[PDB]
Each structure stands twice: as C-alpha cells, then as structure tokens.
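Only one chain is given next, in structure tokens, and it is the form deposited in one PDB entry.
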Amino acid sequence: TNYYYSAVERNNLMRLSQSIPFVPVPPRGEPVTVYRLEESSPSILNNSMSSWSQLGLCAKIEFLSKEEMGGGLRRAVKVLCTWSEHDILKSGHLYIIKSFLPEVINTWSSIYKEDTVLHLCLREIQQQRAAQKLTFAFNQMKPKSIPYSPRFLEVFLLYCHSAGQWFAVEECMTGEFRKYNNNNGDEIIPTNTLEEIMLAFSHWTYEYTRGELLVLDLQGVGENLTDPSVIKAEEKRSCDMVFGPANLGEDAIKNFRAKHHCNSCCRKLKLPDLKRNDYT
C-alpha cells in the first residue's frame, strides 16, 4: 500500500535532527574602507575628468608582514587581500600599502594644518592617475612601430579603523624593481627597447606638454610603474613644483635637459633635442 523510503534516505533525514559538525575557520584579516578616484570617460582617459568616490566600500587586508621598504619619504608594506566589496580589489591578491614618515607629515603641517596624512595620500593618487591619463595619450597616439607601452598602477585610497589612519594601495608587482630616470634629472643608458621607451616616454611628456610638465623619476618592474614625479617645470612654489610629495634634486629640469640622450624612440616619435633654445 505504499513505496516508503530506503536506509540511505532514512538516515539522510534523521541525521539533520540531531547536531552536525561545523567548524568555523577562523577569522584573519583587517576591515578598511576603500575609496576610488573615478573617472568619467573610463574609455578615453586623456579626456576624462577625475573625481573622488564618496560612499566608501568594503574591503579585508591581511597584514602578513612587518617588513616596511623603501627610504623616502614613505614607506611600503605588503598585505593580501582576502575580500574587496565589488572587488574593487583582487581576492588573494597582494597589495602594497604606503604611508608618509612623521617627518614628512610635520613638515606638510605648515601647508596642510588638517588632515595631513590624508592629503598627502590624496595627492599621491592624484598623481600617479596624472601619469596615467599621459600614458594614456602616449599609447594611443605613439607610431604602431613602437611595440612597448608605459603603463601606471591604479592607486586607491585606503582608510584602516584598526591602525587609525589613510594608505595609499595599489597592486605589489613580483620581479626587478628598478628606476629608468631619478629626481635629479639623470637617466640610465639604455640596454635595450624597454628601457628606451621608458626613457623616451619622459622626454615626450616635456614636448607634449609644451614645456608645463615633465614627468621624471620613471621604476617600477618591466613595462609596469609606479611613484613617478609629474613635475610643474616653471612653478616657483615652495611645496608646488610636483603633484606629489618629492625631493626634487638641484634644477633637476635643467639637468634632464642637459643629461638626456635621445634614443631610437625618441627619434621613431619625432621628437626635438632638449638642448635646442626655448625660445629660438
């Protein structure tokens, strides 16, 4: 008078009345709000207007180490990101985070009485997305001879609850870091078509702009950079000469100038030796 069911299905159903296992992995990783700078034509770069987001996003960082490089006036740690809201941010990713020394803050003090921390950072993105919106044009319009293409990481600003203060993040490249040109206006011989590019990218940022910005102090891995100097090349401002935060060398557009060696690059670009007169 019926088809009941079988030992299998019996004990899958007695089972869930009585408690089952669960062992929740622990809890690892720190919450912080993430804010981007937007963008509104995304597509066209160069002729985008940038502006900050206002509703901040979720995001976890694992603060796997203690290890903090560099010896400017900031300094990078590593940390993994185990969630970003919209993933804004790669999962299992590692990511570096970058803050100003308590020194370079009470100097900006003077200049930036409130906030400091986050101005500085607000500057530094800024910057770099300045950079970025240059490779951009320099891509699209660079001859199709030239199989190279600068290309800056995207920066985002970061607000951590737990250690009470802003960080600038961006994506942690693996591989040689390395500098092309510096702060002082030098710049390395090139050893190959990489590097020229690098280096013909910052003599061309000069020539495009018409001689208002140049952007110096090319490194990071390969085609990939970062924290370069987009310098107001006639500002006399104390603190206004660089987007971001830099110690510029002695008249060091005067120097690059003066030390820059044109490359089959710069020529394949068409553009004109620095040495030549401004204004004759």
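Basically, rigid core = biggest C-alpha set you can superpose within 1.5 Å across the two forms. Positions refer to the first chain, counted from 1. First, how it differs from the form deposited in another entry.
Remark: with the core as the superposition reference, the CA shift of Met14 between the two forms reaches 2 Å or more. Once both forms are overlaid on the rigid core, the distance between the two CA positions of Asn47 between the two forms is under 2 angstroms.
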The other form holds:
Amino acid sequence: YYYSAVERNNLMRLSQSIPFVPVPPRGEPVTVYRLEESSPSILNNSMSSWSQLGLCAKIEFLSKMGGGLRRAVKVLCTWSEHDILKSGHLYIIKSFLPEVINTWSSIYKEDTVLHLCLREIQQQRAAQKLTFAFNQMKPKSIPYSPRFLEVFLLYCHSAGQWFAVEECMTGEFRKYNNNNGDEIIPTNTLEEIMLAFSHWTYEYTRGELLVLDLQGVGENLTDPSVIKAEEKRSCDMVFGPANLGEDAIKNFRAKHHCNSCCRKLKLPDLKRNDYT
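Here we have the form deposited in one PDB entry; I need the corresponding form deposited in another entry.
Just the single chain follows, nothing else.
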C-alpha cells in the first residue's frame, strides 16, 4: 500500500554508510558481594554470612573525601544485576590508606585489603544489629531511631583492588562522639538519643561491647568503632580497622555525660563500681 518518501528514505539510508563513532563505555563495571542475613526482619537474631555470587554494578565517578584511615569517592550507580545496588542512586566507595594496609600486613598474610574490607563491613553490621535491638527495646518515649547504613564489598578490576561501598547520604555529616570518648554537647533530642545509644550498647552487652565514633546525617550513621571493652590490648580490641586508644573504655566511662535519654532508658551510671 502506502510507501512514503520518509519510509523509503529511512530504508535506503541503511544501504549506505551511517556515521559510527565507537566511544569507550563511561565509568567502570565492578563486582559486588553482600554480607547476607538469615533473618533480615529480625536482624539482631540473624546470622551473617557472605554471598558467593558476585553481581555486577555499573558506576560512574563524580567527585572526591578523607577521614582517618580511608579515602572515599562519590559515585553514581547507573545499573546493577538483580538490583544488588539501586540504579540512579549515589554511593560512596572507600579504600584503606597505605599505612593501614601496612599495619595489618603482618596480621593478614595475603589479601590484606580484602580482609580489612571484610572486617570493616562486618564491624558496621555488628553496630547495625545493635541499633536494631535498640529500636526494639527502647521506650516509646524515645522518638528517633539510630540506624547504620549497609555496606557492600566491591571488587574493581580497573583499579585491581577491593573496596567497601555504601549509599551516599545527603545533608550535614557530623560526628556525635569519637574513639577517645569525647562527645558533643547535645543541642537537640536526636543528638541526646545518639549519645545515649553508645551508653546503651555498653550496658546491653553487660559491659562487653561499646560502640563509639557515632557519625552521619540525622539518625543515619556509618563508620562506627565497635570495641570489645574487655580486651587489654588494642590489637584485639576493635572489630574492624579503627584508631583506638587503650584508654578508650576508661575514658568513655569518665567523660560520658548521661542525659534525659539515658535516664529515659534507665541506664546506670558508667562510673559506678563493676562488682557492686
């Protein structure tokens, strides 16, 4: 029937040279592994185990960031297999500094960086399990709910190295307390709740564990330090790579200042006698 000129033109065009400019892909493809949970809806009673099947994710570099032991860059995830990472979402990728790798070079014969990453991610998951328990038991009078971002393990061939990746938060990033026990002076309810949380972890684990270095945006936290409060040696004191002083626990008990949240949580004074 009707065989237009547009239709004809578009057909005939295919018979001739159409311009083609091969442009290498944008960004880099990377492999992602997840630390899975046997019971997500009940994270504190769930078992953590590493996934085996690495899924691909496509990331594009945007910018950057530096803290203590890591270098961080902000990226965009344009796509990923089975949505292991959310497409159209911003992420932060972290890698350990030279000194840090050089410090655990002895502790970890081969795949030092890989192990450092595994431990770092496992550390944040531990904190996560504690915030989860916290939100389950805290009184209804306590509004907010601390939460740690999930971190994923990442392998990049481009760079030929292992990294940790997590969602990028938007807003003013702030540190509520640190590895030496210093705390900000709570100017609002949320900050109080955060400060009370570190106290709560100690009491909740019968003085066995303490989470310091609470930092993030709002109630969303990341990069915590999970301290085995009874270890008498730094080398075996922290879950993942962290800058700790052996005075940490003692310092926290001395410096911490209980607030209306600590009281709402019915938490005992950290200065009390441990055998009383």
